[PDB]
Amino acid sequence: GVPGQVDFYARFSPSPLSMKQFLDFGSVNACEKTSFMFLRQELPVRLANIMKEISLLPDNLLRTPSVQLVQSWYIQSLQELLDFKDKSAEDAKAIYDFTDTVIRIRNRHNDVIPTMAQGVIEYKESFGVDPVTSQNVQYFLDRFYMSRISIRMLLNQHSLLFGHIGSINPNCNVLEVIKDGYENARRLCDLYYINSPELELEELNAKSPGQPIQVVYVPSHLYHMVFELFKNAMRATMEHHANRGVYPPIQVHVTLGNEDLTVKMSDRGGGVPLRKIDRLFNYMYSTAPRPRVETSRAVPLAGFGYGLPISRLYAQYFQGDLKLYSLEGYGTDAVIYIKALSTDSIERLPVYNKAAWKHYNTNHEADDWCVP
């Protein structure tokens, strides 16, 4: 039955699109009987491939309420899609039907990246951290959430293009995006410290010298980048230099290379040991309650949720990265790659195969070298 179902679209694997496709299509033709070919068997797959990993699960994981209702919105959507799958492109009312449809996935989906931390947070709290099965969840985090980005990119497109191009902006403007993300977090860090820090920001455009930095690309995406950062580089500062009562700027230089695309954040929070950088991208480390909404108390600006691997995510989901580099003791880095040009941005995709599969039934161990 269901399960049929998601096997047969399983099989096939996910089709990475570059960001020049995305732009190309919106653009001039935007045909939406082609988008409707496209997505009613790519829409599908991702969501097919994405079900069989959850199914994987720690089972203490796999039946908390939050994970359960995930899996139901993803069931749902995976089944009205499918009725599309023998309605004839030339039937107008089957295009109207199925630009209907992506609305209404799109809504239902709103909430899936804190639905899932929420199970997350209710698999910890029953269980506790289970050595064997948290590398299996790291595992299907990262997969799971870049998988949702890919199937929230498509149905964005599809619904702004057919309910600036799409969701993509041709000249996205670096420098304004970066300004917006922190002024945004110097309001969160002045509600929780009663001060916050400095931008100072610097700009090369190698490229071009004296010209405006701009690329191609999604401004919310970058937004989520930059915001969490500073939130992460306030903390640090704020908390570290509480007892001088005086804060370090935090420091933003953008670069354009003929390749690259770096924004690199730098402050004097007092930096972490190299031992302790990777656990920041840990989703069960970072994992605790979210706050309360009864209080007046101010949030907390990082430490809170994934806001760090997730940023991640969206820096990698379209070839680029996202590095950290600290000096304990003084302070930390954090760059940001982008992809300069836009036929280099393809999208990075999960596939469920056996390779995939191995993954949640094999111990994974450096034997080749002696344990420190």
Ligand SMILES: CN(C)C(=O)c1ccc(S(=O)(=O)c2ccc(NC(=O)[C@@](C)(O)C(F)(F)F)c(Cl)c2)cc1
The other form holds:
Protein chains: 2
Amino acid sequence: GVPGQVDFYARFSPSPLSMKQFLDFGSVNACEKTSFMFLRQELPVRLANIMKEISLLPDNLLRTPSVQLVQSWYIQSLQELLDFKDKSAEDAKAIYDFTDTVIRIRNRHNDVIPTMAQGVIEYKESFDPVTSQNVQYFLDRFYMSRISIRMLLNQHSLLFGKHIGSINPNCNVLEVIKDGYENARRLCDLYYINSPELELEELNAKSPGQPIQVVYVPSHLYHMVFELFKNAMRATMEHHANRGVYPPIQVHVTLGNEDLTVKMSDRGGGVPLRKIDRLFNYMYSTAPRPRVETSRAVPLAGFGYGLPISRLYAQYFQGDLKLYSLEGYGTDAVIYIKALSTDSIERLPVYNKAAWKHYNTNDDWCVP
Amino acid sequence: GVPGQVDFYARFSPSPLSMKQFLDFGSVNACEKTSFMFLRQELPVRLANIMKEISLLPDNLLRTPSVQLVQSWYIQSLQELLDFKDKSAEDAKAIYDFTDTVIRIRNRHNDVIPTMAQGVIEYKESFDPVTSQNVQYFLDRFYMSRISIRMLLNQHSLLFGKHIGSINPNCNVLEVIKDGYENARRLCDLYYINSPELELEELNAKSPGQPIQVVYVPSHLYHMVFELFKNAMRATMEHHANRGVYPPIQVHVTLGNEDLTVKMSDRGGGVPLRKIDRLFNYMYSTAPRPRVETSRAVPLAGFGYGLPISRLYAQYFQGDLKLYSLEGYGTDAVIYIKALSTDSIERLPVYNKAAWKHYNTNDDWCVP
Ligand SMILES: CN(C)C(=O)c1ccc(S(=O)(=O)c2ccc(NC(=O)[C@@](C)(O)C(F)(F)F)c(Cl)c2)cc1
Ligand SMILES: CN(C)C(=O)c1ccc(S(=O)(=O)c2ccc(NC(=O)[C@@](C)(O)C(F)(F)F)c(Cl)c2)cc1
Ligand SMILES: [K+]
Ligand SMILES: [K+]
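Structure of the form solved in complex with the named molecule, please, following the form solved without the named molecule?
Below: every chain and molecule of the assembly, starting with the one above.
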């Protein structure tokens, strides 16, 4: 029975892999058998761990139709995977069947992020600061968990169903930045009828004058840069509306010994320090998606948690994404990525006593 | 008896004042009586609260001669203040005597910061990561507490023994920055035989083209900027040694609606994100003071916790001080100050169950 199975697998801790390990596994004659042996335990472990926390959500959120749907997807995928814990690594039909199942799960779970977001809209619409700390804690973990699950599903599906699965061993950082800029720029032009130029500079400090490349998932880097350009572009177009002269977005890329850093600087007027963290708060940025039935351009901020999720992508491989704003002037956004694949280790949430306490808990400084 | 008195006063919580309250109190016919009535409770409360945490330090730190000396200073000041809880607000001799006592305490406590730092050197020299979290927690609180105590002692001593005590209602921000730069620059020249130029720009967004002024303690702002210039100058001189061309330090000052921000940008090579927080770690930056008996220039980093203490000054009035470095390129340092005096409220540590737990305590994420 499901709670039995969820309880068994949720006792285990997820096991993080490094970018180097993902890479070395798939690089030369990736082994389907070996992948089966790992994932038939690991995917059920990851699924069960985060399912335990879906159960701790406020009842009015958990009971939303969109959250009920996501939970049912997880329940089904867990069950399908557990059909295989008894099968043999030597059973070629079992391996084939497992691979089919992984590919199928990959499709079922495609819409998980916006369906969850729709849940939060359903909950916000019909219904609290007591539990809004719980929702923030949950969504960071649920979306990081989903990122990690989708990584495994993609690796295995692409390897078995120059890139190694989703990984580019020589990801061209400036090319991805430019791709992000051009797509954000199209959306900026659609909405504001104008857009800032890009000024891009690079410094390869580790090997001066050489192209900057890292082992990375290019679509992860694309997501962060595109989301940040949208953010920088919106602030720029909104601050400079009256004068009608739009300062460019400036992007500085450096590869150091340990850090790849992408700094994005806008003159969009900034945000006071008191408010800057709202850009990463799910409840604060929970806005109804605009209707399909219109030709009016979609705004550069709104549905889908672009900015918190960008930061989760950065932090997933031990990187980070930080914002620094000077109110009345503009804002710097910085992506930090580990230069070395061996330093790029999955950051995975784990369900245990400490996680549970965090939902059922809540001072040494004077309250201002 | 001392533990009796410490226990009584440590039950109370310190009471934070705003910059506006400090200002309005002293602006027009500051009342000595009223100041006596507040401080005869408040100074014993603040003293007793932090004394409780000195007692929780690791035994090998607490027992250092320099920590023993600081504790004895606190014990004596507490005792002297408590001679007055029985006296009358109407007893003019008692008011005179209290004011004398405040002035005397102000002198006794002059050397508290470096004497405490000497304690940490004594402890480091003769003797652990288990308790190094406790020392970090303690020193932030002890130094913030000391900042708050010294504020009260200074206000009362200057008022009764255009500035209101230590407060300038019209602090000229650029003038203080320039003063910081020129003093840091002298030290840079002494040690490196060269120094970077300053490029300074300002934006008064709240009232464009007007001088930027805030109600502030100018010596607090001076300390932060001077310490940050030293930091920026060191990185610059050390990174650019070989080429012998030193990029200037650039400082951008903005006054927004809610934030005064001072951004200081250097091309000093930066620090990876993994290491940047060591600049604020007391144990990591605990270095023996150089000997008196030399004419060799003093380095721009070392004894006395310039950088963590700068950040405490920022945070004392609900501001902040943040560092952002791009490894292989350089570093931005940002001071955030509240533009409004009513928003500038003392940030005071309080001793209670939560504080105590923090010394006697010590996970929902996978360990990397
Ligand atoms: C020659 N060779 C295969 C290796 O060097 C090697 C062998 C094992 C590892 S590893 O760290 O144990 C490891 C690393 C990755 C995986 N699996 C995968 O990458 C996938 C395809 O199953 C995953 F879905 F992405 F997880 C597995 Cl099953 C094991 C890493 C590298
Ligand atoms: C006219 N007038 C005095 C006021 O507007 C006023 C009256 C009281 C306050 S207050 O917030 O209660 C207050 C504000 C500050 C103080 N005291 C002081 O400023 C000093 C000199 O004692 C201190 F040492 F700095 F704390 C006190 Cl005793 C009271 C603030 C302003
Ligand atoms: K677990
Ligand atoms: K207390």
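Rigid core (definition): largest C-alpha set, two forms, superposition within 1.5 Å. Numbering follows the first chain given and starts at 1.
Enquirer: Picking from 26, 305, 331, 44, which residue has its CA shift by 2 Å or more between the two forms, once the rigid core of the two forms is superposed?
Expert: The one that moves 2 Å or more is 305.
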